[PDB]
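Chemist: This is what each chain is made of:
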Amino acid sequence: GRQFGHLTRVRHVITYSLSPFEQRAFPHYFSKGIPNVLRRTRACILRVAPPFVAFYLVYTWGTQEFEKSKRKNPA
Amino acid sequence: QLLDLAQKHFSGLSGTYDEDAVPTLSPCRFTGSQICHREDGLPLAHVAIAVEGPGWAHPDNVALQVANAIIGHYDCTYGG
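So the protein sequences, as listed, match chains G and A. According to the entry's author numbering, the residues represented by the first sequence are 1 to 75, in order. According to the entry's author numbering, the residues represented by the second sequence are 207 to 286, in order.
Any given hint could be a false lead.
Claimed, not checked - Between beta-carbon pairs, the in silico distance windows are:
1) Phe26/G / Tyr280/A: 42 to 48 Å
2) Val13/G / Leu208/A: 50 to 56 Å
3) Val10/G / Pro265/A: 44 to 50 Å
4) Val268/A / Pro20/G: 29 to 35 Å
5) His12/G / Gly221/A: 53 to 59 Å
Calculated from the structure, these hints are not laboratory results. Cβ coordinates follow ideal geometry from the N, Cα and C atoms, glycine included.
From just these sequences and the hints, can you work out the full model?
Modeler: Here you go:
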């Protein structure tokens, strides 16, 4: 296991933090969040959606081919 | 002798004074915040941590100073 003060060497990086009591928990929750969430979705839809569509259509065809098979039409 | 000298040398700021603009100090907001300058090439860390104090005038600077005296100060060359 590792602890602070032994992790790695870092030089020249200032970090400015604020107390939680001085700031608001939801700065711009809907005015920034919604722009972000669509942006996040658009970033991944072409990478996550296409196999699920491909599954869905195999599922819907497969089940439709299941029932429309055991019933006859001639003698 | 000092007042004599003060009138002798400083008197020369009379005539007219403050007739266009006067500046009085505005209060300064204290923010509970952090600044961390990370430099792993200096051999010792310096950390200064503080709450907001009351200001010069406040009678309770005395009790603060007493509490500060109790905690005090240390340095590696102290013999105690």
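Chemist: The structure should be examined with respect to each hint, and the outcome stated for every one.
Modeler: Hints, one by one, checked against the model:
In this structure, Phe26/G and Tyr280/A meet the distance hint of 42 to 48 Å, their C-beta atoms being roughly 44 Å apart. Checking the proposed 50 to 56 Å range against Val13/G and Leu208/A shows it holds: the Cβ atoms sit about 55 Å from each other. A C-beta distance of roughly 46 Å is found between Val10/G and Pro265/A, which places it inside the suggested range of 44 to 50 Å. Distance hint for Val268/A and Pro20/G: a CB-CB separation of about 33 Å, consistent with the stated range 29 to 35 Å.
For the hinted restraint 53 to 59 Å between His12/G and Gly221/A, the CB-CB distance of approximately 55 Å keeps it satisfied.
The structure is consistent with each of the numbered hints, conforming to all of them.
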